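A.B. asks: All chains, full assembly: derive it from the sequences and hints.
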Amino acid sequence: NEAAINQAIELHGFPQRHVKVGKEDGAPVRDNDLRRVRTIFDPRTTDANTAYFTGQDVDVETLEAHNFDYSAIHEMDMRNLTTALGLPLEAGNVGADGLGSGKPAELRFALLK
Amino acid sequence: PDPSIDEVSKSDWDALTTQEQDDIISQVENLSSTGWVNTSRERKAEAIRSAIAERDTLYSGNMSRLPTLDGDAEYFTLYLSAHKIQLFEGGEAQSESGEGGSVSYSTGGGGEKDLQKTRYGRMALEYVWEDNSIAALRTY
Amino acid sequence: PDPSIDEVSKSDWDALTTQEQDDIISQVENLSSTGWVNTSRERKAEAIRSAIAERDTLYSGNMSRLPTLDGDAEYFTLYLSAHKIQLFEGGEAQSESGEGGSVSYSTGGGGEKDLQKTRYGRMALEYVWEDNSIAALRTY
Amino acid sequence: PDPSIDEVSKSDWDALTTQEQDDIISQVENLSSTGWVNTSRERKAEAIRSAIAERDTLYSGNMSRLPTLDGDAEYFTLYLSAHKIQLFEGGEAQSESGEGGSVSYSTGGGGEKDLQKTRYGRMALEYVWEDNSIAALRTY
Amino acid sequence: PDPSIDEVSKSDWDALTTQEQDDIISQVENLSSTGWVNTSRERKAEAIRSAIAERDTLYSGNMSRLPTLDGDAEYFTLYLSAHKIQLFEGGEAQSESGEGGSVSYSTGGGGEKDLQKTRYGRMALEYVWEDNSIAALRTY
Amino acid sequence: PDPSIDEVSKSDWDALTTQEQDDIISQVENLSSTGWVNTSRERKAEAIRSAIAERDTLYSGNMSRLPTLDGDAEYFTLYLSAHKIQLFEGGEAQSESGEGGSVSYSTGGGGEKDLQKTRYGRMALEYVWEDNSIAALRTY
Amino acid sequence: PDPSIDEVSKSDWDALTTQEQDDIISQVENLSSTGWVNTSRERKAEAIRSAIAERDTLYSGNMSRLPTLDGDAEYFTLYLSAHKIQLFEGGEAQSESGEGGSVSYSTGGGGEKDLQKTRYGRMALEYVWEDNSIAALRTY
Amino acid sequence: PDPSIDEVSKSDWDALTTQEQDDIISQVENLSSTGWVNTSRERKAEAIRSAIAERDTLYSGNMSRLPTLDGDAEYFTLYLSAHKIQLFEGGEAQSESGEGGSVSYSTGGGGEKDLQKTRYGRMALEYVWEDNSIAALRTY
Ligand SMILES: [Mg+2]
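Residue numbers (PDB author numbering), protein chains in the order written: chain PK, 226 to 338; chain PS, 2 to 141; chain PT, 2 to 141; chain PU, 2 to 141; chain PV, 2 to 141; chain PW, 2 to 141; chain PR, 2 to 141; chain PQ, 2 to 141.
These are computed hints drawn from the structure, not numbers from a lab. For every residue, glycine included, the Cβ atom is placed at its ideal position computed from N, Cα and C. You can take every hint at face value.
Short, incomplete list of chain PT residues facing chain PS, as computed with Cβ under 8 Å: (1) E43; (2) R44; (3) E55; (4) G91; (5) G111.
List time: in silico SDA-like cross-link candidates among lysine to any residue, alpha-carbon distance up to 20 Å: (6) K114(PR) / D250(PK); (7) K11(PW) / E43(PW); (8) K11(PS) / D57(PS); (9) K248(PK) / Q117(PS).
Label pairs and their in silico Cβ distance ranges: (10) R139(PT) / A136(PV): 35 to 43 Å; (11) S10(PS) / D24(PR): 16 to 24 Å; (12) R333(PK) / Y141(PV): 40 to 48 Å; (13) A137(PS) / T35(PU): 49 to 57 Å; (14) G101(PV) / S41(PW): 15 to 23 Å; (15) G62(PU) / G101(PV): 48 to 56 Å; (16) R42(PR) / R42(PS): 18 to 26 Å; (17) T140(PS) / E43(PT): 50 to 58 Å; (18) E43(PT) / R42(PS): 14 to 22 Å; (19) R42(PS) / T18(PQ): 48 to 56 Å; (20) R42(PQ) / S103(PU): 56 to 64 Å; (21) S34(PQ) / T18(PR): 21 to 29 Å; (22) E131(PV) / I230(PK): 54 to 62 Å.
C.D. replies: Put into structure tokens, the structure is as follows:
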């Protein structure tokens, strides 16, 4: 699950630029034509305040970073692992509501001792 | 044909003997039952030469590393030749009439584009992804 | 036919004897009541050769591991041949008239694409998923 | 017929005696008042053979465990044969005229697909879920 | 008729005497003013046999426990027979003209489907829920 | 008529004397200025018998406890009979022409359904809630 | 031609000797079966000179570093010349009629723009990205 | 022409010798196969003078510092002249008929605006950004 999150953050945690070229139902654009467009829009040589000027038939779309709750997957994984190893949840740098207080706290720390 | 039309570029076509050209012209004429017999050999040569040139310039290269001419290159160049000869003949006839009767053909104008405008160009389009934009590239 | 049209590639068609080509040509002629008798043997041979080449290049390979030619390959190639012979004859005739009477056939112009444009091509499309995009792949 | 058209595959049709084939051809001719009498016995055999082959390849297998040929298989193959003979005769006639009067039939043009394009094909479609996509599967 | 058309399956039709069949054929002929007199007895038998088979295969079984043939089964099979005879005789005439005058009928073209395409099929549809999907099931 | 058409089921119609049937046939003929005189007595009997059977099977029962035949049952069955005789005569005539002049009628094609398709069927629909779905039930 | 039409600017065309111009004019005449023989030599020269000037002014420069004339420049200038000659001849004929028969051509009217309006202009558009706006720039 | 039409303003045109004007008129007459020979020299002078004046007043200045006449100024003024002569001759002829036969030209009606309404005006529009509004300014 940890490896799966790392790979998912790499692919989906960050937005990515999608430049679409040519008019819809218009003239086709070949790989050698896209190589030139790639040279203009290259994220390697782009900077924060670059501006773009185009004809109507160039679209700078974006793949948004697709939200997923990797924090909750981490909390679930850590809860599984700590409880399997008989440690309290707190040992894994993860916490839970209410369980830090009163008789709920007293029980789990009594069990540990 | 001994040299085939897909083996021949524009510069090669110019270098062919009269017989090698007439052998390819003869092949293109097989794409009509009329063979366009009332058009000069030079109209047919110009249609073939410009089909060869248009293949090599407009329907060449790659899209997502796929070849842009997906179909058989021989019959693509022949249909593109036949298309041009039919446009030199004034276009695709929709209705014909005379002393000996009348006929009308299922045609319907097609779309607006060049190759859509004749039966030969409609055949040719299927060889070249129907002029669709399948190309894709990455950054590295 | 002894070699069947589905057993023959473009290179094989060229290698066939005149008789066993004529055997296949004769089979294609059975797809019209007129047999296209006023078209030369060479028009028919070109239509068949280009139907074979077009099958092997445009209607070959797989979609989601399904074969792209799902129907019977013999009758697909024959209908694709008949489609081409009919386009060499002009279009599909929508109306005919003369000294001996008149008829109009129900066609509706069809869609814009090549195979939609005659009855034989409409038949051929059913063999090839009606030109639909069913293909799928995974990563591993 | 002694062997019925639904009991016969493509390989079986080729193995039948002339009389067994002519008995099935005779049955298909009962689907038109004209019997297509001016269309040769070999056109009719090709229409039937390609109807049999098309049934076994395009209208075979299951959707959601239901058989894809839901109707009677004899009459489905006969209508599919009659559909093909009618397309070998040109299209479906929408208007007819001559020395002895004139008639127009209410075909209405109809849809773009193969089987929609003549009355026999419209009948055939009802036997095969009107070409609908009812199929379903689980993962176990 | 002594055995009625709703009491007869495809196998029973084949077992009937010539007189019992001709008695049913005579009943179907009452559904046209012309009786289709210029269409052979054997076309009419084929239309009836295929109406019987199509009733038993396409218009049989239940939807939501209701029978799918809700109307009178005799007149449903007769209208389905008349529908087929009219299609065997070329389709429903929209206009007629000749030496003796002219007429046009208000058919309106109708919808695309088989039974919508002639007056007898439009009558037949009312007997079978107009081809609607009323079926329902539970889990237990 | 002494037994009225609304008092008679399909079984009763078959049990009537020739004179009792001819008395009802005579009543149905009053629904056309022409009386359909050029159609045989057996066509008219078939139209009435099938109008009776169709009333009792398709236009019978209740919707939301209302009777589904809300109008006068006699005139409903007569219009339903007249609708059938008019469909045995071809369609409803939209235009007529000849030696003695010409006329066109304001039918306008109408809707797709059976009863919409002639003037008598349009009258009959008003008796049966115009084929609307008013039915309702509770659980208890 | 010895100097080819793509090697020649407006200033070069004016500098050519009569034979070198007539050699290019002869090449443009190959793009019609009629050769526009009833249109004077000076009108053909004006069409070519204005095609050359129009190429160099309207179809010159780059879009996203790509050349705006992507196709073969010779055949682009020739089609642009043929387009102009056809407009000097009054436009593209849609129908023709006379003592010797009649024909209609499937033009479909086309779109509103200059090059869309004849077959040669429709061909020329494919050489110049179909007049699309693919240009892009960036701030450094 | 020694003074070219792009080198000449309205004031210059009035100052030209008769021969210098007639040399430019002769150039404009090359843009129609008919030369508009039945329209007087003084109509042609008015068309040219008003094309020159309209260039200098309506198709002059800049958009985003681009020249608003992007094309060749000579051929723009000549097409604008030919447009005016054609509008002095009536409109653009869509159909012609007489003793010697008939023709229809594929004009397609076109858009509502002045230059859209003739083939010459459609050519002229390509020189002037097709009448589009590309202009832009900053504040400082
Ligand atoms: Mg294109």
